[PDB]
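**Student:** Listed below are the residues making up each chain.
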Amino acid sequence: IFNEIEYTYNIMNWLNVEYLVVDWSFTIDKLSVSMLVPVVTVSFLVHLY
Amino acid sequence: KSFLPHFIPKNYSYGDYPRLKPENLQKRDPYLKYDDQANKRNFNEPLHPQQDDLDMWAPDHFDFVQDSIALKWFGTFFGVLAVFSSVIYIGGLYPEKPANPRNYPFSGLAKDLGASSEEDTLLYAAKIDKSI
Amino acid sequence: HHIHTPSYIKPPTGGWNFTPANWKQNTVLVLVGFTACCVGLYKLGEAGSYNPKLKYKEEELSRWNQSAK
Amino acid sequence: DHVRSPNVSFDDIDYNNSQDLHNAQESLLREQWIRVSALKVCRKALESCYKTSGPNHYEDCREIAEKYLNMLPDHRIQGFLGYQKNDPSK
Amino acid sequence: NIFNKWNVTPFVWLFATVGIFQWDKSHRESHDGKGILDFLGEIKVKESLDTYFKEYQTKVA
Amino acid sequence: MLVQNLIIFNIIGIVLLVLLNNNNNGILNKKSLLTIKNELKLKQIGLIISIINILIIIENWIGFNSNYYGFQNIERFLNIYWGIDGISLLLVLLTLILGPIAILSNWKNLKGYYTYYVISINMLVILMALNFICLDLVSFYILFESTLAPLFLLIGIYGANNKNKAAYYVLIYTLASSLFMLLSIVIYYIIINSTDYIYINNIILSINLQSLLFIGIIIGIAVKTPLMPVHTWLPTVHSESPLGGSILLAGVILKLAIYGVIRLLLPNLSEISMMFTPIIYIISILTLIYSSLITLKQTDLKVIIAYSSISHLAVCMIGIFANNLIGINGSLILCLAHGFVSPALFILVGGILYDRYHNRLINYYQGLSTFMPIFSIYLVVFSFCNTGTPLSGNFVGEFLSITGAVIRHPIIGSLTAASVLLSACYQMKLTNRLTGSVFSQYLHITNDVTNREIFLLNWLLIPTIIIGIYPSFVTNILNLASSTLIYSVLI
Amino acid sequence: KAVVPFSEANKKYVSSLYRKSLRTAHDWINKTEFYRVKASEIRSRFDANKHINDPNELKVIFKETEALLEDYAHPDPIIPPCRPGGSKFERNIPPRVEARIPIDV
Amino acid sequence: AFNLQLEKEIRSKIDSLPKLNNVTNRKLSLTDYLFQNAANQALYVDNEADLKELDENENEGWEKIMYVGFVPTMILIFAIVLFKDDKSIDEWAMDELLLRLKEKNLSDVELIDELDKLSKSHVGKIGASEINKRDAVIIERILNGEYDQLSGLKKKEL
Ligand SMILES: CCCCCCCCCCCCCCCCCC(=O)OC[C@H](COP(=O)(O)OCCN)OC(=O)CCCCCCCCCCCCCCCCC
Ligand SMILES: CCCCCCCCCCCC(=O)OC[C@H](COP(=O)(O)OCC[N+](C)(C)C)OC(=O)CCCCCCCCCCC
Ligand SMILES: CCCCCCCCCCCC(=O)OC[C@H](COP(=O)(O)OCC[N+](C)(C)C)OC(=O)CCCCCCCCCCC
Ligand SMILES: CCCCCCCCCCCC(=O)OC[C@H](COP(=O)(O)OCC[N+](C)(C)C)OC(=O)CCCCCCCCCCC
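Residue numbers (the authors' numbering), protein chains in the order written: chain L, 51 to 99; chain l, 25 to 156; chain i, 4 to 72; chain p, 3 to 92; chain h, 62 to 122; chain M, 1 to 491; chain n, 7 to 111; chain g, 25 to 46, 73 to 105, 132 to 234.
Because the hints were derived from the structure by calculation, they are not lab data. You may find that some hints are simply not true.
[Claimed, not checked] DSS-like cross-link-like pairs, simulated, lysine-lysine; straight-line CA separation at most 25 Å:
1) n:17 to l:57
2) g:196 to h:86
3) n:37 to l:25
4) g:196 to h:107
5) g:178 to p:69
6) M:108 to g:77
7) h:95 to g:32
8) n:17 to l:64
9) g:77 to i:46
10) g:77 to i:60
11) g:178 to M:37
12) l:135 to n:17
13) g:163 to h:115
14) h:105 to g:193
15) h:95 to g:231
16) l:45 to n:7
17) i:56 to L:80
18) g:180 to g:160
19) g:140 to M:111
20) g:163 to h:105
21) i:46 to L:80
22) g:201 to g:163
23) M:31 to g:193
24) l:135 to i:46
25) M:30 to g:180
26) l:64 to M:429
27) M:31 to g:163
28) l:51 to n:44
29) l:135 to p:46
30) p:69 to i:60
31) g:160 to h:107
32) g:231 to g:180
33) M:111 to l:51
34) M:30 to g:32
35) L:80 to p:69
36) L:80 to i:60
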């Protein structure tokens, strides 16, 4: 959010049917990390609760 | 009151299979004793031909009001909002804009909205700021 | 109280307040596994990840748009 | 090893020679798989630009986006039965 | 027994598969990119397969 | 090598088993050693042959080249030319793998005559395995119809209460229709003077004569992959056949009809396949929607899985008739994924429950997750795979088949997406009922899944999730083979 | 059927109509002070017609009393959590006690 | 180890207690099923069948086969799909697309510089990936011009 950096781990290929190519790729942009704060934070306290 | 769900037949004759009025097993008294307390059924009780639609596994049946009365209340409630939305639209009671819609420089940012040349422009242009 | 029938019903998640006698020993064997894998997952994450905003400089893109033209 | 495609056309051979006809079908299949490979490369160029440009993605990625949407309908596998069994000239 | 007959078996497959994959990745560097199963045989090439096809089509005709 | 080793060894095995069992018949009563432990030695020799059959094909899988277009491993045996291409290789692999599993499923749940059962199972598997590797319509038909003789006897001898009705159904439904496929095969032999695949792929016929041959062949296919309205044989036969007969009749026999499209309709009748594809979609979409709704009102446990088989096969036919690589690859992966999930359910429904309580009525089973937890984990796990959960191999097959359907026909082909919702209706209702509420008051607590029945489940689930996570194993073989099936001229 | 006043079975019917009446009042009225006031009245309405020696006069009230409850029935009655219909009914039922009969599959 | 008298011990131990419905060192060979004569095989039937008579789904005769014969077959199948040198058609088409760049652009020094320094392992991931490799020239060259002869195979037009 503050340092304008992005992360992308691409495990391997999933579908490779001619032009349709899909990877097991995981990225964390501003929006992906804007949603990982509400999700993981609350869920941790829910498990603690 | 106590009405049975839709599509349950009034009559059936499947040869020698016994005839018996349909009973909505979901509405049996939950306190009475049963051989199968979860299904509220006693052993060796006969089943209706469509008993699969009249037991605890079938979709829940709600009999608080008649299925027609529910439509009237349901449609009326959205019907009430329809007139509230219609009158404003018919009357035009919603307020006018207090300022001109936002304009943009550089030919409405035509190039910056995915345009190549000046012939298309209006295809990709935003609100043009003609008043620089 | 009531009977869990624990002689035979042995699901992977125990069942009805199950706790083995040697639970303290096994947890340290498990707490290692969580630690062994979390450390292992950190290595792969650093080695196999990248920043998708710095792989190609804008000087290289500017040639691509013109070449396709 | 890397086998070379047998560059051969349906318009120069006799289908009675089922050995040559096989190459005309195999040559028309291999060229099409190149176009998809060419297409997947072009799409990769589009993805870098959009990620790198951000707001300017509409400008810095203009002709790539134009070209990709042009090659898409025809850069796909179509088989050889269409062209083997039909005569465009007629 | 945490190390009983059932718990261990996935890890035997899990660790073994990782080892052989790393083994095979190495084996390609020292054997010109050819895989760990190169000993079992060789891929059929077009030149060998085309002779069979031509005799098959000739007899058919 | 292949077919020659595949027939000669199996014939030798069949002769060996017959010699051992029938030696003591004679004039005197016999209490020999081979009868001890329920013919256990003779069942073992039958189980080994199933494993060895897999080793024969792998000897030839190594030589397979994924970058060569055309049939490989071509050989002539019994004046018939055989061979393998990309599509045929994988289906052969599925057929032989279900060999050991079909035999293992019936290890100790037949009243007797295990040697006859073991011989028939290995015989049906070989006949179906050989059906993917012939290279003419006549030899395709010979192997396509020879499986009736053991299957009709097997279902009649070893069947359930209605085995006579089931036997009279598979024999007549699959013969009175496949005889219509014989007529179109004969007409190919009259005008062209040959039924070889390659020779007939290069010929174009008049668009009137294309419509006749297509109607004849698709009649024989619409019964094997049961399309409404001629599906009535499959639910009946499944509910009455032996458990091993259900694994083959669902695992393989249905997929012989999708392979029937690949050889007999798309290459040689390409022009008329385009015309019928709108009609094929109408029949298959109505098969998809009606079969899903009919399943919601069924009571027999083993029938309910039978109709779930029909809904998936309708989707497979939808994809294969899509004229793109996405639909064709998706349809074939779904056939492979359905080839493991479908047999697994019959083991859960007609092989684990039915071997303990001997009743297939749904009303007796509920709350099974209390005293049978290991059963309910697999029933839950296989319920999701059967409904295209994204991590399984069925989702890859269904998503691509739906994607290919929309590509071919955006308007009506979009209705294939109803497969995602409807498959979760009849299936999850069945699972939610079985493993919900209190344990049933009509059943009695017994053993959970035995070690053998776990082995069957684990090795039908393991291939399913590999194809789901990494389907490129199947795709790398299919791509060059499936690209020869597409008919389109773009100018 | 017929209604026989002062018979044991007829009294229990009137007892049942009383639990329907007061619980329904309890369902709508959520303050005790307001509830006792209305609950007192219902008993007075129940005890004013205590003395009846006629069959047919009594059956009309039974017809009327059912109608009074049906129209005034709450659309969300209060239920104890562990009683049937409650929030915790059937939760965590202890498993059945029975011997496992092994089968040689 | 048929051990004919070992049956007679089972015979005598049972005979002493004829009452019915009221051990480990027994293990045959392949010889006893076929070579042995009927009379010695005749007694073995009674001992084995009725030993169970005086009675957990283990040792059913299959685990020795499936775990030794079937499971390694799957590993062999799983191995082949993992470490086989089968080149798929599309993976071939990626190498062929680049091999034409070399043949069609031999005058371009910079382009061949990137192809030369490239390793044969990273051919399948051209573009954005974890590998620290430069391919801007490779991607740029393909964008500017086409390198297929699909029209070259079609000598007939409308
Ligand atoms: C009861 C069920 C029991 C069975 C359950 C099975 C679950 C096991 C999960 C794994 C399933 C099998 C997938 C792994 C085997 C296939 C690996 C593979 O194909 O890697 C290919 C990949 C790219 O191929 P290439 O670069 O050309 O070189 C490879 C040469 N073989 O080469 C690579 O570099 C990839 C290296 C490996 C990367 C990590 C693989 C981890 C796989 C698990 C995570 C899958 C992705 C995450 C999914 C979780 C949900 C998001
Ligand atoms: C992304 C993929 C994630 C996969 C990770 C799996 C973790 C969950 C494992 C649960 C095992 C277990 O224990 O389930 C079994 C539990 C155990 O009950 P218990 O609480 O031990 O009590 C034991 C006493 N009972 C059983 C009387 C309560 O009972 C059941 O039969 C519940 C019904 C089946 C549950 C199926 C869940 C499967 C997970 C979903 C697979 C896609
Ligand atoms: C440390 C971090 C990683 C931990 C991962 C777990 C490793 C241990 C696994 C072995 C446990 C085991 O096999 O048991 C787990 C269970 C029980 O079966 P069982 O053990 O035979 O039951 C004993 C039976 N008796 C009494 C006869 C001996 O298996 C299963 O039914 C697995 C069902 C599938 C689970 C969900 C798979 C869905 C795939 C989703 C992801 C791809
Ligand atoms: C790959 C193709 C090869 C060709 C095979 C031809 C079959 C002839 C076998 C005769 C052996 C025999 O009569 O033996 C009988 C054997 C085994 O009987 P059992 O249980 O041991 O004895 C039982 C009596 N007891 C236990 C008291 C001793 O059962 C079989 O016949 C099974 C296979 C044939 C069934 C279907 C025949 C259909 C033929 C048409 C197919 C298109």
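**Student:** Each of the hints needs a verdict: does it hold here or not?
**Tutor:** Here is what the structure says about each hint:
no. : hint           : in the structure
1   : n:17 to l:57   : 23 Å, holds
2   : g:196 to h:86  : 13 Å, holds
3   : n:37 to l:25   : 28 Å, violated
4   : g:196 to h:107 : 23 Å, holds
5   : g:178 to p:69  : 23 Å, holds
6   : M:108 to g:77  : 21 Å, holds
7   : h:95 to g:32   : 63 Å, violated
8   : n:17 to l:64   : 28 Å, violated
9   : g:77 to i:46   : 54 Å, violated
10  : g:77 to i:60   : 76 Å, violated
11  : g:178 to M:37  : 70 Å, violated
12  : l:135 to n:17  : 90 Å, violated
13  : g:163 to h:115 : 24 Å, holds
14  : h:105 to g:193 : 30 Å, violated
15  : h:95 to g:231  : 40 Å, violated
16  : l:45 to n:7    : 21 Å, holds
17  : i:56 to L:80   : 13 Å, holds
18  : g:180 to g:160 : 32 Å, violated
19  : g:140 to M:111 : 24 Å, holds
20  : g:163 to h:105 : 11 Å, holds
21  : i:46 to L:80   : 24 Å, holds
22  : g:201 to g:163 : 16 Å, holds
23  : M:31 to g:193  : 77 Å, violated
24  : l:135 to i:46  : 44 Å, violated
25  : M:30 to g:180  : 82 Å, violated
26  : l:64 to M:429  : 20 Å, holds
27  : M:31 to g:163  : 58 Å, violated
28  : l:51 to n:44   : 30 Å, violated
29  : l:135 to p:46  : 23 Å, holds
30  : p:69 to i:60   : 21 Å, holds
31  : g:160 to h:107 : 18 Å, holds
32  : g:231 to g:180 : 22 Å, holds
33  : M:111 to l:51  : 46 Å, violated
34  : M:30 to g:32   : 20 Å, holds
35  : L:80 to p:69   : 29 Å, violated
36  : L:80 to i:60   : 21 Å, holds
Of the numbered hints listed earlier, those contradicted by the structure are 3, 7, 8, 9, 10, 11, 12, 14, 15, 18, 23, 24, 25, 27, 28, 33 and 35.
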